[PDB]
Amino acid sequence: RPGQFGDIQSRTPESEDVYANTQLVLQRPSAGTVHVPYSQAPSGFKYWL
Amino acid sequence: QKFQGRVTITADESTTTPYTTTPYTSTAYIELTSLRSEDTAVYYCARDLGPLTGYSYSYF
Amino acid sequence: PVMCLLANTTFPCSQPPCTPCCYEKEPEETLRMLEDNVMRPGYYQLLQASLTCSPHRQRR
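Heads up: the protein sequence lines correspond to chains A, B and C, in order. Residue 49 is where the first sequence ends in the working numbering, and the numbering goes up by one at each step. Residue 60 is where the second sequence ends in the working numbering, and the numbering goes up by one at each step. Residue 60 is where the third sequence ends in the working numbering, and the numbering goes up by one at each step.
Be a bit skeptical, because a hint or two may be false.
Listed below are the simulated SDA-like cross-link pairs for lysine to any residue, each with C-alpha atoms no more than 25 angstroms apart in a straight line [as the list claims (entries may be wrong)]:
1) C/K25 <-> B/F3
2) B/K2 <-> C/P12
3) B/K2 <-> C/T52
4) B/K2 <-> C/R60
I should point out that these hints are in silico values taken from the structure, not numbers from a laboratory.
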């Protein structure tokens with residue numbers, strides 16, 4: 001689950017079988033700017049540390 | 001010192017909001033007053049980096 | 001029009017008390033009006049003519 005330990009998971013330190021549930025949402029750009037804005041829960045690992 | 005009090009140089013406020021992600025523009029005007037034949041010339045506006053380059057004197 | 005105070009004499013507020021080059025001639029005389037015209041509406045007309053309008057030469 002997002003923003004908690006194990007928000008991203010991987011069966012081994014070399015597997016490509018990534019599971020992730022960061023609840024990433026893309027948001028509408030603004031003011032004639034070219035960029036991509038978004039919202040996601042910050043890394044649940046960085047929090048757990 | 002030759003042109004002060006002969007001349008008025010002035011400009012129009014371009015935008016007061018903390019924006020312009022649009023292309024920037026600025027507009028200037030010059031008035032010459034009490035004209036004599038010897039004031040005849042071609043006149044150029046030119047861009048100057050003097051203030052941006054640490055308030056140095058100009059190069060155009 | 002409207003009328004300035006000089007010391008006893010009066011003059012129209014757009015017009016000078018003394019010219020040409022009002023302050024540049026006589027600083028300690030140009031004191032006389034700026035003592036007491038502070039309450040009057042004409043002060044910024046008198047000040048423009050005396051000290052700023054066209055750097056004491058031609059036209060704005």
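Regarding the pair B/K2 and C/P12, is the alpha-carbon distance no greater than 25 angstroms? Violated - the C-alpha atoms of C/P12 and B/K2 are around 31 angstroms apart, more than 25 angstroms.
Please verify whether C/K25 and B/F3 have alpha carbons no more than 25 angstroms apart. Holds. C/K25 to B/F3 sits at ~21 angstroms (cutoff 25 angstroms).
Verify the proposed pairing of B/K2 with C/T52, using a straight-line Cα cut of 25 angstroms. Roughly 17 angstroms between the alpha carbons, so the hint for B/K2 and C/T52 holds.
Verify the proposed pairing of B/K2 with C/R60, using a straight-line Cα cut of 25 angstroms. The hint holds at about 16 angstroms.
Checked against the numbered hints given earlier, this structure breaks only hint 2.
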